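Residues per chain are reported as follows:
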Amino acid sequence: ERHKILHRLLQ
Amino acid sequence: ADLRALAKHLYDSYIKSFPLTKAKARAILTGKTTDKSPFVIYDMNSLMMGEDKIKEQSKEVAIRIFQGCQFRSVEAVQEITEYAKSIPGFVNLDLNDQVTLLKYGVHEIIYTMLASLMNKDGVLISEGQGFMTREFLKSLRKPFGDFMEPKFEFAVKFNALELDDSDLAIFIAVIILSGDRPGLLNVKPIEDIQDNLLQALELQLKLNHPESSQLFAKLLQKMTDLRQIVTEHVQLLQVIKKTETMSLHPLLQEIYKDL
Ligand SMILES: CC[C@H](NC(=O)c1ccc2c(c1)c(C)c(C)n2Cc1ccc(-c2ccccc2C(=O)O)cc1)c1ccccc1
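In the order they appear, the protein sequences are chains B and A. Residue numbers for the first sequence follow PDB author numbering, beginning at 685 and rising by one. Per PDB author numbering, the second sequence runs over residues 209 to 263, 272 to 461, 463 to 476.
Bound conformation, chain B alone:
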């Protein structure tokens, strides 16, 4: 939520 890019890298 607060980490859009990291979240995308992770999924």
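These aren't lab readings, by the way, just hints derived from the structure by calculation. Warning: the hint list may mix true and false statements.
To be verified - Straight-line C-alpha distance at most 30 Å; calculated DSBU-like pairs for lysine-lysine:
hint	chain 1	residue 1	chain 2	residue 2
1	B	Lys-688	A	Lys-404
2	A	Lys-474	B	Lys-688
3	B	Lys-688	A	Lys-458
4	A	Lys-244	A	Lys-263
5	A	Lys-232	A	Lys-301
6	A	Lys-354	A	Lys-373
7	A	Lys-240	A	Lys-458
8	B	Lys-688	A	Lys-224
9	A	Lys-301	A	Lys-458
10	B	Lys-688	A	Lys-457
11	A	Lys-261	A	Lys-336
12	A	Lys-474	A	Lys-458
13	A	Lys-422	A	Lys-232
14	B	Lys-688	A	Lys-240
Model the placement of chain A with the ligand on the given structure of chain B, informed by the hints.
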């Protein structure tokens, strides 16, 4: 777990995720290839020549270099994230925790692996095609003169352990699965994984470094030194925030936000 199978799995994944290994870096740094020598960068003219010979951007050296480090850090975060996904159990963790582990783990990992690219006199750059001298980096105008020097200090001590890629693959996995990161929702399953990783690391070091029976203990104690570098780096970034009227890549801003 089969601890030898785990160690092998992690090594194979590390090799797939990280294109410049310590093995390749050491070959280059000791001149044991497979040349020609990397282009040596020690001043502004050689930096400029290096850009020609060969491969918003500041025409100022200190910022140019700082920007290069940002770009490479953005790449490192992606490689590390790919690697994290290959650690057994990691992708089954709560997604908020996965993000937390990466957020707080990447600096420790980046600086651990940066040592692989360093000797006491400089650091390999641009996938090993260049070598940037430590004294040159030290000579950059304030506040950037102190940007790299703590990384080098750490690296000289850490490289004295003589770890190889198979050791490092497991150590980096141990770093990722750190149950003491601020904000973690389910600490237990992270520690269960780290416990298996520490076992694998211990066996790996015992078997492959027979002369230094307490290398495992020595390696775990490097965390203070590593975290100290990270603290000094964050502090310098604050000074840079005030002094430079500077832009930080969005992924890095994301990592630093509420760090
Ligand atoms: C995670 C915090 C982040 N990164 C670092 O502090 C950091 C510093 C150095 C790093 C690294 C990380 C990594 C991963 C490496 C390999 N290096 C070495 C390196 C050396 C030279 C260049 C370089 C300089 C000029 C022109 C081209 C290059 C080039 O090689 O492309 C790039 C990287 C940070 C946060 C905020 C600002 C800057 C850096």
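So, going through the hints one by one against the coordinates:
no.	hint	result
1	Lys-688/B with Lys-404/A	holds (26 Å)
2	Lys-474/A with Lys-688/B	holds (12 Å)
3	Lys-688/B with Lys-458/A	holds (26 Å)
4	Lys-244/A with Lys-263/A	holds (15 Å)
5	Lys-232/A with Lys-301/A	holds (24 Å)
6	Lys-354/A with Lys-373/A	holds (18 Å)
7	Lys-240/A with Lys-458/A	violated (44 Å)
8	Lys-688/B with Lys-224/A	holds (25 Å)
9	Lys-301/A with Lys-458/A	violated (37 Å)
10	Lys-688/B with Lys-457/A	holds (23 Å)
11	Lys-261/A with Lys-336/A	holds (25 Å)
12	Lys-474/A with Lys-458/A	holds (16 Å)
13	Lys-422/A with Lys-232/A	holds (24 Å)
14	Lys-688/B with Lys-240/A	violated (43 Å)
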